[PDB]
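Peer 1: The primary structure of each chain is shown beneath.
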Amino acid sequence: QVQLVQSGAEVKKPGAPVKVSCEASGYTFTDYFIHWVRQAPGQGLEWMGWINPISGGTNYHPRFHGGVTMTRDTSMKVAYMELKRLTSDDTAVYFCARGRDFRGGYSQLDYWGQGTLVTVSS
Amino acid sequence: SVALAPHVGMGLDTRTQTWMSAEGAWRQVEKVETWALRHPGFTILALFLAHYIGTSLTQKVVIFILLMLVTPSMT
Amino acid sequence: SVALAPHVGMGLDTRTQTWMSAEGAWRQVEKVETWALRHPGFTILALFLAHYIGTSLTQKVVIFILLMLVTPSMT
Amino acid sequence: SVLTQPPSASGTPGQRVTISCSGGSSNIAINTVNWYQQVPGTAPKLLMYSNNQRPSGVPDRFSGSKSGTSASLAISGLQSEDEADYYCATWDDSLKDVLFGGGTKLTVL
Amino acid sequence: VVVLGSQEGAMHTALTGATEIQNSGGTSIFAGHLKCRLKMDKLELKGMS
Amino acid sequence: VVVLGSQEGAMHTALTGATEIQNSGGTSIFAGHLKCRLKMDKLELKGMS
Ligand SMILES: *[C@@H]1O[C@H](CO)[C@@H](O[C@@H]2O[C@H](CO)[C@@H](O[C@@H]3O[C@H](CO)[C@@H](O)[C@H](O)[C@@H]3O)[C@H](O)[C@H]2NC(C)=O)[C@H](O)[C@H]1NC(C)=O
Numbered sequence: 001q002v003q004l005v006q007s008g009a010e011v012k013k014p015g016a017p018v019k020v021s022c023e024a025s026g027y028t029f030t031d032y033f034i035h036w037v038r039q040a041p042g043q044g045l046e047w048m049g050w051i052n053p054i055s056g057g058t059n060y061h062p063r064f065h066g067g068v069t070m071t072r073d074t075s076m077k078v079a080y081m082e083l084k085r086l087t088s089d090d091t092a093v094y095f096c097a098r099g100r101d102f103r104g105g106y107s108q109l110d111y112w113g114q115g116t117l118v119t120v121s122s
Numbered sequence: 001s002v003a004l005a006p007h008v009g010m011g012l013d014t015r016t017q018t019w020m021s022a023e024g025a026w027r028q029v030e031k032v033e034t035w036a037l038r039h040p041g042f043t044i045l046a047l048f049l050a051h052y053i054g055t056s057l058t059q060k061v062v063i064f065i066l067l068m069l070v071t072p073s074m075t
Numbered sequence: 001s002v003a004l005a006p007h008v009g010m011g012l013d014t015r016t017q018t019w020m021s022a023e024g025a026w027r028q029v030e031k032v033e034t035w036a037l038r039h040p041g042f043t044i045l046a047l048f049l050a051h052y053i054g055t056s057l058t059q060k061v062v063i064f065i066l067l068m069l070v071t072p073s074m075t
Numbered sequence: 002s003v004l005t006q007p008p009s010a011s012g013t014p015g016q017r018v019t020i021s022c023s024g025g026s027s028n029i030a031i032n033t034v035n036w037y038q039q040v041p042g043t044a045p046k047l048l049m050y051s052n053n054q055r056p057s058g059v060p061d062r063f064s065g066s067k068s069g070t071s072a073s074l075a076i077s078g079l080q081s082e083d084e085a086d087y088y089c090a091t092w093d094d095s096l097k098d099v100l101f102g103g104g105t106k107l108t109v110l
Numbered sequence: 248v249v250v251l252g253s254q255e256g257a258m259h260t261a262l263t264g265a266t267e268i269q270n271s272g273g274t275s276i277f278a279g280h281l282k283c284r285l286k287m288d289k290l291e292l293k294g295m296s
Numbered sequence: 248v249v250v251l252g253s254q255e256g257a258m259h260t261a262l263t264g265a266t267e268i269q270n271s272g273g274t275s276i277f278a279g280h281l282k283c284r285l286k287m288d289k290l291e292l293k294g295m296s
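Residue numbers (PDB author numbering), protein chains in the order written: chain H, 1 to 122; chain F, 1 to 75; chain D, 1 to 75; chain L, 2 to 110; chain C, 248 to 296; chain E, 248 to 296.
Next comes chain H alone, as it looks inside the complex:
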């Protein structure tokens, strides 16, 4: 079957970069999208950016260009997102989802993982 492990939740301190790994096996990873939607506690979830594993670059939400970075590897079929700067704002669980490349399918987030959770405090 096709699924995303999303590793395990970790929490850190402000001013340091944190990493969220996200592996999806069971299908040809090249053709489909990875969306990295954030979800805050008791708030709506907003999507930030795609990553095409085969040739894609970061296409963040306008709120988040220069705030996050996205990388990937084709051999292991895993997509990496890391937070270059942790303020007090980003206290939420970050997700993964498979997306299609269809114009009507840019929002097609069919499959989701568990959700790696990160919060920041002193």
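Quick caveat, the hints were computed from the structure, so don't treat them as lab data.
One or more hints might be untrue.
As the list claims (entries may be wrong) - One-sided and incomplete, this derived list gives chain D residues near chain F with beta-carbon spacing under 10 Å:
(1) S1
(2) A3
(3) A5
(4) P6
(5) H7
(6) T14
(7) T18
(8) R27
(9) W35
(10) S56
(11) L66
(12) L67
(13) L69
(14) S73
Cβ coordinates follow ideal geometry from the N, Cα and C atoms, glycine included.
Knowing the structure of chain H, use the given hints to seat chains F, D, L, C and E with the ligand on it.
Peer 2: Only chains F, D, L, C and E with the ligand this time, still in chain H's reference frame:
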């Protein structure tokens, strides 16, 4: 690219087929021909220009062919 | 493909500018210019042809300019 | 523009309640809307993988479409197990990003 | 067999000489042109008195 | 300001004289020629006797 300067005639060819030969063979020619059939107005002016420029049928023919070929390809 | 044959001269005149007036005003001349800078070889051939076909000065210069325009565009 | 959907309440007797999604002339009026319902605290699942096409969601009772600038969802025979937050997400083509909504707190009595 | 991608920018390049018509509700064609006649008989000067 | 769409099809139309290779991990570039000066020094026929 802007698809206005195809990577053609570079000389580094091999026995194997190119990316697209069956269509790039006649793409530009068909553009010129559909232009010409759509708009015949330029033909009268081209005929006049070739005719009143110093006329030896070699010169007239080459001027007419070039002038009728350049405007469509390079609009 | 469809990138060829824009309707630049289609004649549906309007007061406001078009979709891309700024680029489209000079893109074709830009293509010719970059083609010439890339490839200087065709200049010698065009000069030779004009010199050995052009009976007069004006015929020679017209032949040269038409040849130097058609080939980069037909590329 | 940006989409905003309202939170509302309902009851466990079967009744048609409409989760209306409102957008603009560039984000949802031309593109396929996508409907999500999330069981709270876990990963949301996908409810409608096209404009009016459901992949495997509860059939014959979850159906909706869109009209002009508005998209809507209709649920019938809603019981308690359907307690979920419902999300409408549309792809914005002007800003080259998908436009997720704030969220509906659909509570069923 | 291949797919030859998408012609989005191809079409955007093609429509060089066309105008722009912003359509939000139906269509709102700007960049228009129209001839008119002004029958100006019934124009009070408003300041005679 | 507009972003002018996607130039993918324009590119696929542009490379009208380019050759092809295969991209699978490493790239095996086909479509090339190589001269080789054969050396027939030690070849001997089986079953001559
Ligand atoms: C490019 O434009 C986007 C919007 O189109 C700008 O996003 C804005 O980012 C700031 C901070 O990243 C947001 O402020 C935040 O607002 C929330 C609202 O609840 C508040 O709780 C936070 O404390 C924070 O102040 C702002 O809302 C957001 N604008 C939106 C979402 O419309 C982005 O900053 C721009 N990039 C630039 C100018 O480089």
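Peer 1: For which of the previously enumerated hints does the structure constitute a violation, in increasing order of number?
Peer 2: As far as the earlier hints go, 6 and 7 are violated by this structure, in ascending order.
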